[PDB]
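This report refers to the structure that appears directly beneath it.
Of the protein chains in this complex, all but one are displayed in their positions.
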Amino acid sequence: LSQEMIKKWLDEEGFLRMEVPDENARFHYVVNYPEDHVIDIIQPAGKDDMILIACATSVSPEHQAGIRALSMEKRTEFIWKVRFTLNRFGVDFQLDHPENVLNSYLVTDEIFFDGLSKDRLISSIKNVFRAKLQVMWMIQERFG
Amino acid sequence: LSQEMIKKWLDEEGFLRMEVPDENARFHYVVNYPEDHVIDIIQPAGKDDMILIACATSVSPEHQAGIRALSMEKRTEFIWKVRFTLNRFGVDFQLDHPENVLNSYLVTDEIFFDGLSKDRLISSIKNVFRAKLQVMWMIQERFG
Amino acid sequence: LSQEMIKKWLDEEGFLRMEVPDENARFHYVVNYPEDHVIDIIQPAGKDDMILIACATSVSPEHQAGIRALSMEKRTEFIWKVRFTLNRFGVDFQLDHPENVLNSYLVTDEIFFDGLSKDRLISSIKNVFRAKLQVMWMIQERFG
Partner (left out) sequence: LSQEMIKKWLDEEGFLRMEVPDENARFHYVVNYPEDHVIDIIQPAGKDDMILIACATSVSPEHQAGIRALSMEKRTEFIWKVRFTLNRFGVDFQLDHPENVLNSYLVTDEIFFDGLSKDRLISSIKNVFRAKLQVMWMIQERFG
């Protein structure tokens, strides 16, 4: 019921794309914002008073191409950059950089129900997008 | 009633100027913040639980001159600067740059009645302003 | 109604110092945060639903002397820096710079009663202070 508001707000805005089975979640929705970009709305198993907004972004073959070319020095420099940048967007993140080559990066933000609202919901989603966007623009401005 | 509140709040601050027939919007007030600066308050057709605060800006012909003069590299560098700048204002935006010569840039944020208040309506207007204002300062700082 | 609460809270935190006969405001409580620092809480004469957190700061003649000692280009460069800095704080500001020699600077923020609460007020005050402190530290870091 608290989740029907969620389910409803995502459709009122043409966001929601489909629900998804999930062995470790009371529920899970796959939102499309913007365009065909994919963002996840997951309410973890144990907690029923929160929703976690996640966005998984895998660095293309095309891109870790250039990051591989750089010296180990310049890679580190880049992992440090993307790191400071994201720790500025009010989100939590996970970086996947084996040899300091960035394969993927997850941007997350949770909203508890004490403060849930359509306005709040739609904001966090948009913010998580912008957080992961700057990183995508960083790689892009460097490597095209 | 959400509508008369928005309207009275804006009137209460002198932000209001007049309406206008937006054949796409349930309503469309026109604010003037600051002084003679033009900001739009729009409620999309389908949406009856939200207002959009948009502010499109056209860069003067004398400024588009400055940026057109520059090499393509210095231009692409400039567009990246403004993308990275705006993206940290928690606002949506859209740049119109012919051959990377910024023509116009639209900055937009939106409130859902779910969390609409005067304190919030006003703060959102002023934030949309600062975001398009700092982009204006980048242009004026570089081109006079 | 809300005036007695705003007053009650400032005093609860010590913050409050005294009041003063401002002919342009319903009330005007002069706060002291941090210790010895002066911030002003005003409420325009013809405004019920709101207060203003204002912090005026004049640049010592010494510091003003150092920015005097710079070129007219190094001065313009410095003005832009404080402009870009403050516009990222979500506060409004008035800049006083005769010939790009910073005289004083004013940072303000307003709270509309449908958003008022102790938590929020205390925050808006601290944020106004941080916006101010930043420019002051920029000044000192450059000129002792």
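Per-chain residue numbering starts at 1, and chain names A, B and C are given in the order in which the chains are listed.
We adopt the following convention: contacts are C-beta pairs under 8 Å (C-beta built on N, C-alpha and C of every residue); 3 or more make two chains touch, one makes a residue touch a chain.
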{"item": "Omitted chain's touching partners, listed by label", "value": "A, C"}
{"item": "Touch with the omitted chain, as defined above, among A:2, A:58 or A:87", "value": "A:87"}
{"item": "Residues of subunit A in contact with the chain not shown", "value": "47, 49, 80, 83-84, 87-88, 90, 92, 110-116"}
{"item": "Sites on subunit C contacted by the missing partner chain, in the whole complex", "value": "12, 88, 117-120, 122-123, 126-127, 130, 133-134, 137-138, 141"}
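As a convention for this text, only the chains that are shown with their structure count from here on.
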{"item": "Centroid distance [mean C-alpha coordinates] between subunit C and subunit B, Å", "value": "26"}
{"item": "Centre-to-centre distance between subunit C and subunit A (centres being mean Cα positions), rounded to whole Å", "value": "36"}
{"item": "Multi-partner residues of subunit B (at least 2 other chains)", "value": "88"}
